[PDB]
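Novice: One-letter residues, chain by chain:
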Amino acid sequence: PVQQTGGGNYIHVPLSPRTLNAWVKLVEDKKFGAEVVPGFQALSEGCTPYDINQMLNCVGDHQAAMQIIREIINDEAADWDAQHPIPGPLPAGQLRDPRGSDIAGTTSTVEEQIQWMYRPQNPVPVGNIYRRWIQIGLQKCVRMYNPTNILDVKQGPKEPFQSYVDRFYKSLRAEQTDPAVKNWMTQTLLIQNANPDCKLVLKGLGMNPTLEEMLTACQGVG
Amino acid sequence: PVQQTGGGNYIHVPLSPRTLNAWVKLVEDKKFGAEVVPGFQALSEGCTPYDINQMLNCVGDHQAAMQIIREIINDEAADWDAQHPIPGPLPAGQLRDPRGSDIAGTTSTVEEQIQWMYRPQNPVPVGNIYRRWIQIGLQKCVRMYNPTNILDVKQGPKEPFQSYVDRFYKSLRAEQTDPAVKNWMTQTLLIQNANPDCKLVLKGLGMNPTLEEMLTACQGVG
Amino acid sequence: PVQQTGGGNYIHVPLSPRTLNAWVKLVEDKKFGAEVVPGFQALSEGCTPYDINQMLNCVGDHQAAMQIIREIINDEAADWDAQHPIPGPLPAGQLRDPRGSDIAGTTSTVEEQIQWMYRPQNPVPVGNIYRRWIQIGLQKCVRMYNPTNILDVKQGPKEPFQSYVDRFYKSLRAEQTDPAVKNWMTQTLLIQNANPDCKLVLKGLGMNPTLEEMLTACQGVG
Amino acid sequence: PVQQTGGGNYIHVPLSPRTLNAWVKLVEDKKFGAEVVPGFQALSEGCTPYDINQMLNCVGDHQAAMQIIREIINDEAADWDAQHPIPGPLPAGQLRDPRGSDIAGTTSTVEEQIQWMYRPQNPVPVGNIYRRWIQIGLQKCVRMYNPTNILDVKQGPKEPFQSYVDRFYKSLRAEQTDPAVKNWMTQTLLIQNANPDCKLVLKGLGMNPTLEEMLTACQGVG
Amino acid sequence: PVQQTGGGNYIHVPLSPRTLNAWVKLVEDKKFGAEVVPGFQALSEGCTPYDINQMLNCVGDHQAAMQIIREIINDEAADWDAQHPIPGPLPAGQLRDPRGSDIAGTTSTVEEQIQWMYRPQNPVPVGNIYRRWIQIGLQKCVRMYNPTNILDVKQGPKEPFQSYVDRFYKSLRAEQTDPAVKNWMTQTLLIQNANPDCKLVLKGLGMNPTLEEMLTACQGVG
Ligand SMILES: O=P(O)(O)O[C@H]1[C@H](OP(=O)(O)O)[C@@H](OP(=O)(O)O)[C@H](OP(=O)(O)O)[C@@H](OP(=O)(O)O)[C@H]1OP(=O)(O)O
Ligand SMILES: O=P(O)(O)O[C@H]1[C@H](OP(=O)(O)O)[C@@H](OP(=O)(O)O)[C@H](OP(=O)(O)O)[C@@H](OP(=O)(O)O)[C@H]1OP(=O)(O)O
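Chains as they are written, first to last, in the deposited numbering: chain W, 1 to 222; chain Y, 1 to 222; chain Z, 1 to 222; chain U, 1 to 222; chain V, 1 to 222.
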């Protein structure tokens, strides 16, 4: 992470040990579940890429998942290099402009990453960009491991609409798909894969029922 | 959040990462349960709107619930604007008076939010007002998801009064209803939806029995 | 809470957010169980009444229990007022002597509460006194909710003495009763409500057996 | 605990509230289990006797166990007094030499305890000595409450050697006995109280098999 | 651990108590499981060998495992001594060069360990080297205690590929074996020890199927 000192200067305040342990506990227990994506974002707020690489290193034991994340980072960096090409030869006496691998923290030191993070002329947020690249790698793992496709998800005959909705949405989240497919699924596949007892009522509600009105009406129905 | 420095000046001390992770853990596990409302209030004490927006952003994945909360904030702000209209043209060289969206932190920076929070002439508590608007959005979600209406709640024949009371009140909390309906329900629906074995005794207690005397008398009855 | 600065001066360092969340978690999960009493004492060490009122406010949703605690505080304060009556008219230029509601923090500010807490002439520990008043309110709730009276508690025929002792004592704790009734119960009701197989041995031990010798002798008996 | 200031001086930094809550949670849940002994040691590192007495006070509700611990402290102090008798009349203008109850923190203030802890001429570690006395009291409670003697511990016919070893050692730990009895038990009672299917193999291993070779060989056997 | 002061000087900031408690909780609950290896690495980041010895001391009660770790440290140190032999007689007025046991922290003080950790001429990372030696001792314990060999691991007939893969990999991790044996096992033993229903499909996928394509294809198959 980064701390400030009198005069407008900046320094490094390393990610703490019990914050890294928590990241490890969220990954080991939830096994790269959907919640692994947000837990990471928060435990990484105010931190720099070097420390994001330490967090991943502590969980490096997982290798199928860390292979997927590593692949993504290399790609995004290449695109950064393509759309932000070397401006030209570098005038000396200054810090080079950030390249794709520096955002990652593999070829670059934390101080250079902090100088960009707090560069008066044009500060580059090296820290937030890398977290996002890593979050696409974590999200793909969730979809890879997701145990149930949404089409299979259904309601126990005596099971209620709320728990079924909870399970149906859990999967829709991990199955990123697209937001429009989600709208069709949330307004139809929920009613279609439901049992008939609460469907009659989900149909009575009307057309384009909202979830607030689908849950209120089916409370106790079955 | 906000920190003070020598001379009476103020600065920003960002909400910490493991406090945001906890907010995420309370939402992911309890699934916008009733306890999500208080956990938030406490994890947000001493914090400013910008940081309240970060907490919500980490849990932004939940979208049906964050749609309900977002709707409420826009409304309250409009009412703030209606009852606290623009005083007139703004004399220059000073900070504008707070508008509805500034309390939210969408159109306004933290420093302006802190200057109001600690404005010597008329300090506006931008931070506490927004938390309350958000808490009405969270509370509506609890009632939307509540799995059981109180009328259905009853006592297992061999189940005791204490657990039944615990389940009956859990729902009464989430079903905000009104405090008077609560008094009628707490003094009648509890006895009526109970089994007859402990009801005989709940009737022996007398009229307007208090809970302290309804629980003491039915300890072991059944 | 209270912090000290160069010169012998004192200031306020508010109870932290994740300490308040823990108090909320202990109350929501244990449901005003016996452990709620000590958790509170510890999370309130070094804190002042204002902050004790914030902790209770976060859990204010619980109302039957907060009605019992509120009743007790008003009483103790009245007794404080009765045995520590207004000394007389107050010489001006100084802080008034503490009244019953100031100990609570309802009519008084934290600074006045801290000035008494650290008054050189006669410092009044406003903070510890209020916590105790609140702990009597919390303890009454535990006894109100206690699910099992000790007389009913018995040993499963195949159940051991240790678990039965654990359950028997759990209730004796919550059923404050008096320490002497406890001695009679701990030396008799334990043996009497036990099964006969381990009682024969609890009788062989001798008269006035101690728990250390009642548990050692019945390890494996049944 | 103890903090240092410019000039070589020392002060008191009280044990924090959420560290005391954890000690309470480890005692309430594990019920003076074996792990209560180490949890305490760690939560007490850098702390002084006064703060060790606060930790015990928060859990003072438990009284059979706190009676056993209290008895031990009085004894050890008496032995300290016997082998470290009053040197003679005390020259004035200095701090007295530590007595048995001062190590406990009952008759002595924290500052005196810190002056000894950091006495240039002959610093007495009042803090660590008392923790050890308390740990003998906690360890006796574990053995008092231990639910199963090792001789009874055996292997389910379909149960594996690893879980049986885990249960057999759990008890051997709490049953301090002596290290030699432990060696005889760990090399024999484990094989003798095992089922015959894995014993044949535990015998094939050879004589004086080590645990590393008893567990590797019986992995899958049964 | 180590802190820095004005002038470029360094000091010691001891490992905190609740960080040591967590290490104890991870060892007591997971019982020297695979996750014990990473939890340790993180809770030890920024710490020095003396503090790594305190963490191990708190869990010293476990003795079969601490015998395995202790054996390894002695060996690695001997190899350090062999490949980094005494340079010769030591010029006086300086700190000796680090020996094998100093890296451990048994014969050496923290200040000397910190002077090497931050030696301008040739800083020796005494802290990280010892953690690695300890991690080989912890990893051997995991393999010793591992309850299931991978060959036995199979898929319940109605069990899915994902959970079976999770269990199969859990063991492959703890059974360090070699990375090549892992590739053969991950591409064959998974399919071979699977049930026939999902194997038909795992065979349809093609030759050298990747896990991402073995999990996607068998989602719902069985
Ligand atoms: O606020 P956090 O980001 O969670 O950091 C906490 C916080 O210390 P700070 O207030 O200085 O940030 C804790 O205090 P509380 O917020 O709970 O009041 C403190 O715990 P203690 O008060 O018990 O000391 C703990 O410090 P530590 O882990 O050394 O005990 C430290 O956690 P981090 O060191 O990981 O930042
Ligand atoms: O013991 P740690 O490894 O340091 O983990 C702690 C532990 O959380 P859990 O009870 O969920 O395991 C703390 O509880 P205690 O050890 O103090 O009893 C809790 O701190 P609080 O009780 O004050 O809430 C905090 O959990 P959280 O941050 O979610 O509130 C969490 O710290 P980490 O999340 O950083 O691991």
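Don't take each hint at face value.
A pair counts as met if it fits within one copy or between any two copies, since identical chains are not told apart.
[Claimed, not checked] Below are the DSS-like pairs computed for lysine-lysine, each with C-alpha atoms no more than 30 Å apart in a straight line:
1. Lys31 - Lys203
2. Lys199 - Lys25
3. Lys31 - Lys140
4. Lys203 - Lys25
5. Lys154 - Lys182
6. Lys203 - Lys182
7. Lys199 - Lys140
Since the hints were derived computationally from the structure, they do not count as laboratory data.
Novice: Check each numbered hint against the structure and report the violated ones by number, ascending.
Specialist: The structure conflicts with hints 2, 4, although it agrees with all the remaining ones.
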